[PDB]
Amino acid sequence: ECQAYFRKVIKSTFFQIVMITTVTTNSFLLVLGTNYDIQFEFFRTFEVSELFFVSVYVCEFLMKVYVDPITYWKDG
Amino acid sequence: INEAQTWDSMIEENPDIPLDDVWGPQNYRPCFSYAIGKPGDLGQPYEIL
Amino acid sequence: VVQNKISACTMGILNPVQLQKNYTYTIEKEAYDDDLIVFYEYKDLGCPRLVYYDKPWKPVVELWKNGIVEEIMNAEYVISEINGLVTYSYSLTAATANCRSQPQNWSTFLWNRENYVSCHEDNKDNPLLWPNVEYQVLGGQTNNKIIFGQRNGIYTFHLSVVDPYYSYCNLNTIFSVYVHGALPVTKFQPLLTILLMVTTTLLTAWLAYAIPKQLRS
Ligand SMILES: *[C@@H]1O[C@H](CO)[C@@H](O[C@@H]2O[C@H](CO)[C@@H](O[C@@H]3O[C@H](CO)[C@@H](O)[C@H](O)[C@@H]3O)[C@H](O)[C@H]2NC(C)=O)[C@H](O)[C@H]1NC(C)=O
Ligand SMILES: *[C@@H]1O[C@H](CO)[C@@H](O)[C@H](O)[C@H]1NC(C)=O
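If you read the sequences in order, they're chains A, B and C.
Under the UniProt record's numbering, read the first sequence as residues 38 to 113, first letter to last.
Under the UniProt record's numbering, read the second sequence as residues 839 to 887, first letter to last.
Under the UniProt record's numbering, read the third sequence as residues 514 to 546, 556 to 631, 642 to 749, first letter to last.
Hints are supplied without guarantee of correctness; some may be wrong.
[As the list claims (entries may be wrong)] The calculated DSBU-like cross-link candidates involving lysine-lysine, where the alpha carbons are at most 30 Å apart (straight line), are:
1) A:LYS101 x C:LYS745
2) B:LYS876 x C:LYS518
3) A:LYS111 x A:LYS48
[Unchecked claim] Quick list of simulated restraints, FRET-style, between CB atoms:
4) C:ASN588 x B:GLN882: 33 to 41 Å
5) C:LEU642 x A:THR61: 53 to 61 Å
6) C:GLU666 x A:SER49: 55 to 63 Å
7) B:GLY881 x C:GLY589: 25 to 33 Å
8) B:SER847 x C:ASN627: 46 to 54 Å
9) C:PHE720 x A:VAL95: 19 to 27 Å
10) C:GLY681 x A:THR59: 33 to 41 Å
11) C:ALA742 x A:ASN72: 39 to 47 Å
Since the hints were made in silico from the structure, they are not lab data.
For each residue, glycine too, the CB sits at the ideal point set by N, CA and C.
With the hints as constraints, model all of the structure from the sequences given.
Take a look at the structure:
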């Protein structure tokens, strides 16, 4: 009952674009991180964003293995 | 090491005096001092030859 | 004179012209007594040295005689901070250093080549009990190097040769070195373990509001 809706959340197109934008913003901030000047000004931005990104990826992993105990390891 | 003297700079100091008396060994200070008068913008023709 | 091969000047960091017009710097209540405001002297200290925060640091010094380079001075010496900046540390400690007695420290007293006593000298009479306190002296037979923190600012340092057997002169100098590196460390109340726990709980509430969303329809 919850599992069905939860897989329906998995397949959410909203969720697709959420993950795509999360990863793209992470890559952009990583690129801007190779300059100490911009690493200094807006450092709090970098910190909050890094913790936000790690939270998103870990929640995705945890809930996507929640929907499925064993077959999760099938996918490469 | 610092802003070396030039005709324009000296003329600014004592304009109405004619050019013959403007520059003299009495008022000549070298740039080499590094502790002399100043550190003006670098890159400019050098007139002392 | 301390070597200054790549001075913060002439790089894309500091500009000697702005340094001349009363360049000034501040302290964020972290050095000693508070909000210290110090205006740099370019006539004496010249263009500072630059040191990336990170890599233990130990300065290079040339002894000059008769107005020419005599040699690289390899004798022991100590080094101190003028303003009272305290965000620096020493690589070696008393236990690991080759000391057979309690070494002296800037805390007890100014320093000089006269009052210095060698820690390598075997003396047990007074130092019966001695902890692994920091080791201050640089050079000589000790491989100590200096470790800076996160201040990212100019440090004005007073170097004094300490080995009395080197020379009768009290050789000493003053110089300025600019550290570049450390960034704001305000992890503060928020911590990483406390942060995935905080965020994922805010993400189960999305599912906790998702269950009624699914069951009410
Ligand atoms: C410089 O050296 C002096 C000692 O000549 C240091 O003060 C002394 O430090 C020792 C070792 O800490 C103290 O002995 C004991 O230390 C333990 C450390 O946990 C402490 O719990 C004991 O109560 C006891 O203090 C000794 O008492 C102390 N003596 C004095 C007069 O301070 C000093 O800290 C060193 N400073 C630096 C910057 O190296
Ligand atoms: C700069 O320092 C000089 C000291 O010779 C002082 O006379 C002058 O008022 C100072 N100016 C500023 C802006 O700090």
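Q. When the hints from earlier in the document are held up against this structure, which numbers fail?
A. none
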